[PDB]
Amino acid sequence: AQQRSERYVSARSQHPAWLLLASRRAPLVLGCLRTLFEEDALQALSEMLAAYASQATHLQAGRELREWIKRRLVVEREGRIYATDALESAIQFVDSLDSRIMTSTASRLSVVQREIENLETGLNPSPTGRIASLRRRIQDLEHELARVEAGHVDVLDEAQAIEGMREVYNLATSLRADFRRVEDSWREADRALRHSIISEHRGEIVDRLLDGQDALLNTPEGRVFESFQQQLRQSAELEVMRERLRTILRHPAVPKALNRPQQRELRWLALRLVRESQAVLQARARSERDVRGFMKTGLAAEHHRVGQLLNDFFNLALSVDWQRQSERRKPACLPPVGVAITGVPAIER
Amino acid sequence: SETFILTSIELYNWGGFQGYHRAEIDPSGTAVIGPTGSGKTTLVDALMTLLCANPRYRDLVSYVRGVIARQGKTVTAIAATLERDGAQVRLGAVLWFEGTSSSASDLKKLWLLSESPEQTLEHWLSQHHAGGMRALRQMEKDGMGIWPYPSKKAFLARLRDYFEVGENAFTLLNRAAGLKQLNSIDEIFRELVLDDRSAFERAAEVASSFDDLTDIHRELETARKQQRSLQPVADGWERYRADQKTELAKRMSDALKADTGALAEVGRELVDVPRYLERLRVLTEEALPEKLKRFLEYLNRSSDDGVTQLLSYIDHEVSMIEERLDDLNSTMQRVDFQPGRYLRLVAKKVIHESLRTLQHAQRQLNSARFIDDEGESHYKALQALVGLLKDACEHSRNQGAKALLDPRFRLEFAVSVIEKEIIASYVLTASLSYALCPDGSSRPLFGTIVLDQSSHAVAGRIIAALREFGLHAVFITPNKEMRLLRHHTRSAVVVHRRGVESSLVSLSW
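Chains B and C are the protein sequences, given in the same order. Read in order, the letters of the first sequence correspond to residues 5 to 42, 51 to 67, 76 to 220, 223 to 371 in the authors' numbering. Read in order, the letters of the second sequence correspond to residues 10 to 66, 78 to 87, 100 to 274, 792 to 967, 988 to 1022, 1027 to 1082 in the authors' numbering.
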């Protein structure tokens, strides 16, 4: 019980999402960032911060943007800004305060029961139990078919139909939750690999890594994403799912269950899923290519020794008197590099 | 006008006094004269028991049992009355012992604050004698101007709210009520005016947190050492897949040397080679990132919420001391120590070797945060500062160590005349006047103070200063200075001791 409070305090101090939520300008920052991912970031942030004085804009806009970049809420790669998982967690929390779909329903209970049955029968190696389960399910389906042949077709009521539609939307919309998480997982592996290469720099490690064709940057989330995207490619079931969704969306009870944006999201589910899954493998390939290029450049030892020398110089610099203009202007010991020759004074000759 | 002044003190079986006793106070001045050890300090201890949480006497049990003159079931009560133009307030206490179990947790106490004229000491005693505790807490439902508290904390909070004073006025009044000798100016100002707000407690917590962080650092180092040993086995397996079995066995032996239980029972067989590899993967993808993340989080939190805030707190305390000194200097202007002259206080920061070392270490800590070493340099820089704090806190009875964690010792005070006894008395009186006055006002609501002690001219200015600041005084003297008090004080309280009993007689000159 005591450790929970310490964990909460640590999360409050460190985690980017809670810091963003507790920030002074949280609502406008959240709105602007969410609009963006749907210089230019700095310009739009300044524009939004302009007509919200209430409660020198361009200076504080840049200061806050660099503060969030430091906190790793957003990431800067070369000259571009990319979103992380903390931003999406904050957005999900904020925009769920208005409308949240209930999960204490009968449909969710039936789904849970069927899923538990499926898992339990899938973990069983004995063949006799499998045969018994198959026979029981076949008999139940045959009984239902016999009942239906007598003219007892069952149709969900309006309330049950609305409940089912909302539950299906809630389950289907959760497949995009962890797309940024995989990329965040790969970036830290990249950083750790580069740090290990620099601190080691031994050329044998670099040569061995370059020689092998086995891919680097392996993480637990990457394997889960690979397993997901492999099954995503089996179009023989994606087509059936899309057709069933199209059939479902043409029902009288749809307007009372979902509004326009939700209907749009359910309408283009498969296309958007495939399109967004294809945009993560490219990021992984780019990361691996950049790592291999950095390794092939071969300037790690220079970085290490220049860092050591800079640390020595900075340690020494604390023992001099910077308050005297005489010492601040004393000539140092550094050679001329990139000498630009004096213009010949012929001028007009 | 609008200032309460003390009028009387009543005792009942308190210390060496047996039964009921009463002492009067004059509106101008009063001297508590009597032979040494006859009970002069007992009266003031009884008065100060009602005003501060921890008086500097040796405890309530000794006074209750008359350390023994009273054993077993017993009752003791004390009271004090303050009056003004058309108003009266009374502060009292009743403490009793049920039996012979003389212990700290067996003494039952109640504190009383009253305004109605029907609440007297004898009424409280009668109610206790008739109903014990319930009859004492019952009078709140049968009257209006009575407030009982079975708690000194709430009682003192209410008392400090009644007279619109700060949280340290009564502590200062108690400190200057038994001071023996007027010492040097720095010693007086550093011991009898400023409050003790040293930061020796936070240093221990910071040191404990750092010692906790060292364990996480050690775990991270162990994990890195294990991974560095395990990698050559992975290299050797690739070499073998391309004799070399001896080198592979040697590498597996080296890997097993550094293991701590993961590779518990394995061998140098080629069948066990995959197992080693799996362990390496678990090191690379799961354990090391988690340990590094936890280490970085703990390092940042300890470096920011730990040692950084302590020094800022100390600097803020020094700034508050300087501001209060400026306010005291402003207060002291409205008086003439000499014709057309007044005193002024100046504060100058001192320097010490420990302070210079601490500041240099702090600069190193600030400079080490810009290195990208995965926190190694930052940890090394923080370690030296924590070590300095530990060394300072270990020996808390030295000038160097107290110069670090005690704000009052980071300054030196001087007095300007823009005589030691007169200057000390003026500073003490100005501090008392500043403490006992509501903000934005110059008239105290609590007026009575107690003093201990010099020719006639020496004491002739103290009385003038007290009258100028608007304070009523009660002096304590032995039977030695009964010549000048006759000219200033206009009443006297005499304590006669006969055996193990004392009696008080109040008379005018």
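Keep in mind that the hints were calculated from the coordinates and are not lab data. Cβ atoms here follow ideal geometry from the backbone N, Cα and C, with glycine treated the same way. Take these hints with a grain of salt, some might be off.
Claimed, not checked - DSS-like cross-link-like pairs, simulated, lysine-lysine; straight-line CA separation at most 30 Å:
(1) C:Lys1053 - C:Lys49
(2) C:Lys939 - C:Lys929
(3) C:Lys185 - C:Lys173
(4) C:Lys184 - C:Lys212
(5) C:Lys1053 - B:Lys90
(6) C:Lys989 - C:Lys939
(7) C:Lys140 - C:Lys212
(8) C:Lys929 - C:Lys257
(9) B:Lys90 - C:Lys49
(10) C:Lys842 - C:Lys898
(11) C:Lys184 - B:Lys90
(12) B:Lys318 - C:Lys185
(13) C:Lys140 - C:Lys184
(14) C:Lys840 - C:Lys184
(15) C:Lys257 - B:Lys318
To be verified - Here chain C is said to cover these stretches of chain B; the calculated rule only asks that three of the stretch's residues, wherever they fall, bring their Cβ under 8 Å from a Cβ of chain C:
(16) 14-20
(17) 236-249
(18) 352-360
Stated by the list, open to error - With beta-carbon atoms standing in for the labels, derived distance ranges:
(19) C:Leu826 - B:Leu191: 34 to 44 Å
(20) B:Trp344 - C:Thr254: 40 to 50 Å
(21) B:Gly360 - C:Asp854: 27 to 37 Å
(22) B:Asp118 - C:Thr254: 46 to 56 Å
(23) C:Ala963 - B:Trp344: 44 to 54 Å
(24) C:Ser879 - B:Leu117: 34 to 44 Å
(25) B:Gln112 - C:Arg830: 53 to 63 Å
These are the hints, each one checked on the structure:
1. Pair hint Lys1053 (chain C) plus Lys49 (chain C) holds up; C-alpha atoms about 14 Å apart against a cutoff of 30 Å.
2. Note on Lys939 (chain C) and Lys929 (chain C): the hinted pairing holds, with a Cα-Cα distance of about 16 Å set against a maximum of 30 Å.
3. A C-alpha spacing of about 22 Å is found between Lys185 (chain C) and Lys173 (chain C), which places the hinted pair at or below 30 Å, so the restraint holds.
4. With a C-alpha separation of about 28 Å, the suggested pair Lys184 (chain C) and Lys212 (chain C) falls inside the 30 Å cut-off, and the hint holds.
5. Note on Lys1053 (chain C) and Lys90 (chain B): the hinted pairing is violated, with a Cα-Cα distance of about 75 Å set against a maximum of 30 Å.
6. The suggested pairing of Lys989 (chain C) with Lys939 (chain C) is violated, with an alpha-carbon distance near 39 Å, which exceeds 30 Å.
7. Of the pairs offered as hints, the one joining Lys140 (chain C) and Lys212 (chain C) is violated, with about 33 Å between alpha carbons and a cut-off of 30 Å exceeded.
8. For the hint pairing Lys929 (chain C) with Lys257 (chain C), the CA-to-CA distance comes to about 19 Å; that is within 30 Å, so the pair holds.
9. For a cut-off of 30 Å, the pair hint linking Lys90 (chain B) to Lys49 (chain C) is broken: about 68 Å separates their Cα positions.
10. Taking the CA atoms of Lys842 (chain C) and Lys898 (chain C), the gap is about 42 Å. The hint is violated against a cut of 30 Å.
11. A hinted pair counts as satisfied when its Cα atoms are at most 30 Å apart, and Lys184 (chain C) with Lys90 (chain B) does not qualify at roughly 51 Å.
12. Among the hinted pairs, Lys318 (chain B) with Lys185 (chain C) is inconsistent with the structure: their alpha-carbon atoms are about 73 Å apart, more than 30 Å.
13. Taking the CA atoms of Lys140 (chain C) and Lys184 (chain C), the gap is about 12 Å. The hint holds against a cut of 30 Å.
14. At roughly 50 Å between alpha-carbon atoms, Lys840 (chain C) and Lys184 (chain C) are farther apart than 30 Å, so this suggested pair is violated.
15. A distance of roughly 27 Å separates the Cα atoms of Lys257 (chain C) and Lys318 (chain B); the hinted pair therefore holds under the 30 Å criterion.
16. By the rule of at least three residues with a Cβ nearer than 8 Å to a Cβ of chain C, the coverage given for the segment 14-20 of chain B holds, with 3 such residues.
17. Interface restraint, the segment 236-249 of chain B with chain C: holds (3 residues with C-beta to C-beta distance below 8 Å; minimum three).
18. Interface restraint, the segment 352-360 of chain B with chain C: violated (0 residues with C-beta to C-beta distance below 8 Å; minimum three).
19. Taking the beta carbon of each, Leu826 (chain C) and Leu191 (chain B) are about 39 Å apart, inside 34 to 44 Å as hinted.
20. Distance hint for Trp344 (chain B) and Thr254 (chain C): a CB-CB separation of about 42 Å, consistent with the stated range 40 to 50 Å.
21. For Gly360 (chain B) and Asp854 (chain C), the hinted distance range of 27 to 37 Å is not satisfied, since their beta carbons lie about 47 Å from each other.
22. A hinted range of 46 to 56 Å for the beta carbons of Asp118 (chain B) and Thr254 (chain C) is consistent with their spacing of about 49 Å.
23. At about 31 Å, the beta-carbon gap between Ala963 (chain C) and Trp344 (chain B) misses the expected band of 44 to 54 Å.
24. About 53 Å separates the C-beta atoms of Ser879 (chain C) and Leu117 (chain B), a value inconsistent with the hinted range of 34 to 44 Å.
25. For the pair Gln112 (chain B) and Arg830 (chain C), the supplied restraint of 53 to 63 Å is violated, since their beta-carbon distance comes to about 32 Å.
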